[PDB]
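Undergrad: Once you've looked at the hints, dock chains B, P, L, Z, Y, X and S against the given chain E.
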Amino acid sequence: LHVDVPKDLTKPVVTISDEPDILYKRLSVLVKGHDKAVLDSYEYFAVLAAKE
Amino acid sequence: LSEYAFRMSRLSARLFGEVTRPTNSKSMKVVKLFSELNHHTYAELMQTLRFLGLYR
Amino acid sequence: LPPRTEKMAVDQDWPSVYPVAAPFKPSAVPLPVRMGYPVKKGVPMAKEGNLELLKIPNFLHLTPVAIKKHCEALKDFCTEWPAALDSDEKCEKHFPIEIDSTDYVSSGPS
Amino acid sequence: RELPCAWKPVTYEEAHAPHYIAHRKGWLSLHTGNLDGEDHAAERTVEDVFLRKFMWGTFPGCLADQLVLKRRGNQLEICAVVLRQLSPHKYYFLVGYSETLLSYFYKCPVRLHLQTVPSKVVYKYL
Amino acid sequence: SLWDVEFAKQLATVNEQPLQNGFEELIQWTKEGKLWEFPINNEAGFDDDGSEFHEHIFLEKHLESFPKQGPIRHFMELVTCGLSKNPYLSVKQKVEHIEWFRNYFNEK
Amino acid sequence: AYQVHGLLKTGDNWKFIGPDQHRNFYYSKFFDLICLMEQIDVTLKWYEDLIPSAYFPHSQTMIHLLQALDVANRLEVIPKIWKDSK
Amino acid sequence: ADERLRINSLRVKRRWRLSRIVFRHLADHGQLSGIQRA
Amino acid sequence: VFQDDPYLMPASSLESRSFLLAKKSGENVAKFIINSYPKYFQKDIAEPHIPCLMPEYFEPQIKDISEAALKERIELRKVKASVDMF
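Chains as they are written, first to last, in UniProt numbering: chain E, 50 to 101; chain B, 4 to 40, 54 to 72; chain P, 53 to 162; chain L, 19 to 25, 49 to 167; chain Z, 276 to 383; chain Y, 432 to 517; chain X, 48 to 58, 100 to 126; chain S, 88 to 173.
Just so you know, not all the hints are guaranteed correct.
[As the list claims (entries may be wrong)] In the EDC-like style, the derived pairs of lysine to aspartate or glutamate whose C-alpha atoms are separated by at most 16 Å in a straight line are: (1) Y:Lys446 <-> Z:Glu299; (2) Y:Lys511 <-> P:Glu100; (3) P:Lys59 <-> S:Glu102; (4) X:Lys101 <-> L:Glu84; (5) E:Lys74 <-> P:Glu100; (6) Y:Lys517 <-> S:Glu102; (7) E:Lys56 <-> Y:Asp443; (8) S:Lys118 <-> S:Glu143; (9) L:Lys161 <-> P:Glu58; (10) P:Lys120 <-> E:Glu68.
Hints in this document: simulated from the structure, not taken from any laboratory.
Just chain E, same shape as in the assembly:
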C-alpha cells in the first residue's frame, strides 16, 4: 500500500481491572517434536518474542 492506507485502526479494548494480578515465579514451556529444525526455529521465535 503506497497511498491507500487505513486512516485509523480499532485497537482492542484492554481494561485495567481492580482485581490483583497473578504472579508466576517460573513458567517452564517444554516443546516436544519429531524434528530438531522445527524446534530450533520455534526456539528462535519464542526467544525473540520473550526478549521483546
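TA: Positioned in the frame of chain E, the structure of chains B, P, L, Z, Y, X and S alone reads:
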C-alpha cells in the same frame, strides 16, 4: 514397629483419606477397581455421496 | 496464468503477504528455493510442484520483522512484575507457598 | 512342433524408497498425537485414512501427488496438489463442498489449500 | 416477535462483508466458537456441575442408611473410599453407585 | 472524493461498502476521477494499490487511464497497462 | 459397564488400531507421523 | 476469499462472481446433505461442544393436537401447516 508409629500412621490415613483400617491387600483390590473408570456407518455415507453424484 | 511473485517489489511488506500460518505457496513465495536429493548429474527439484517443500512447517509467517511488529502491538496487554521482588530470596519470603499446575497443548478435536 | 525344438515415471514420493522417510522423504501427515505422552494416535490415523479416501474420491484423477494432512490445534489443513484439467468452477464447488462436509464430519475447522500444477512432476523413472 | 428477529437479522447484513485476511477468519471462527481459546485451558467448557471438592472427597454422608457398625459398614466405607479417589466420575455417578449398593443390599 | 474515501478508511467503516456490485461501482468511479484529475504518478500508485486487490477494472476504466496517460504524455507505460488488461 | 462391574467387585497392531499388514503399508509411505523405520 | 493459485485466481469481476457463487452452491449442497441425513454426523468428538457444526432439525416433533405443537411449528416458520394446525 512402635504402637506410636501405628496410631500416628492411622491418623495420617484419616487426614489424607487413605483406608484407616489396614485391610491386608487381597481385599484392597476393590479400592483400585472403583478408583478407576464405526467403519459401518462411514460406508453408507460413501454410498450416499455416490447416489447424489459426488463420489467417484 | 503468471505467478504473482513477478509483481512483488524488492521492498515489499512481507508480513502482509503471509499474515498467518499458511502452507508453502510457490506462486506466493518469491524465492528460487530448491529442495530434494539430486539425481546423477542433476539438481535439487524446483519449488513449483514440490511436495517436500509443502510438507515443511514453514516459518514464513514468523519473520524477525513480523515478530517485532507483532510483539510491539502486543505490549498493551502486559503488566509489570513487582519491582520489590528482585530475586528468589524475596519471592520465598513474601510469598511462601508455590502452586505448580500444568497445561497441555496437543493437536486434535478434543 | 516336437518337444526338443521348443527346448514408468515416478514422482518424488514414489521414486524414493521407504528407508528415506527421515533421510530424503518426509511425512505426509503431521500431528502431535503419536509423540511420547500424547494420546489419540489411532484416532488421528483413522481420520487420515478416511480423509485421503474422501479427497481421492472427491477429486478423481485430479490430485497430482499425495495430500499433506497438517493439524495445528483443532485445525485440519489438507494441502493438496491437483492438476489443471478440471474447470476452475468445479474446483471451487468441490472445495466448498468438501470443506463443509469435513467440518461437519469431524466437528473441527477443516480447510483446503489446493495447488494446481500443469502435469505430474516426475522425479525419475523406475 | 418474528418482525424484530428478522429486522435484527437484516441489520446484520449491512456490515456483512467477505473476510479480508486470515486474522479476520480466525476471529470469525473464534466468535462462532469453532476455534479453541488461547492460552489452552484443558478443562474448557467443563465445570463438573459446579461441584466442590468436599462433595467428591467426603462421600460418607450417603452411607447413613446402611448398617452403621456391621461388615456392610466396612464394605461401604471401602467403596466410598474408592469412589472419592475417582477423578473420572462426577458426584452424580458416585451417588448413584452408592444408591445401587443400597438397593441391592435392601433386596438381600 | 478523497474526503469520502478517508471517511471510508476510518475504523471499520469499510464494511458499509455493501455487496460486490456497489463496491465495484464505487471504486470504478473513484479511479475514473483519479485518472481524470490526479498527477500521473499518483494515478499509477492508486492503480497499483487498488487493482486487482480491491476490484476488477472495467474496460472503460482502462480507457480513462489511457486517456490520462496521453494527457500526461507518459506513453511509455502503455505496454504495462496492455499486459495488465490482457 | 457399571452393572457388570458391581457383581465382579464382590468376587497384532492394536496400538494404532490398524491391521498388521496395513501398518507396514502406511509406515513405508511415511504416512504415519514420526514412524521412521530403523 | 479466492485461492492464491494463478490458475484459480479470477481474472474478471464476472469470473470472480461466478467462482464465489459456485463456492456458495457447493456449501449449500453440503448443508443439504448434512440436514437430509443427520445420523451420519450426530457423532460429536470435539471438546468443547460446537453447536454450529451440528445438523439442524426443521421437522416438527410434536404431533398431538395441542397448542405446544402449533407453537413449535410457528418457531419452525411453516406457514401452510401452521394454518392447518390452527
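Undergrad: Of the hints given before, which are not true for this structure?
TA: Hint check: 2, 3, 5, 9 and 10 fail, others pass.
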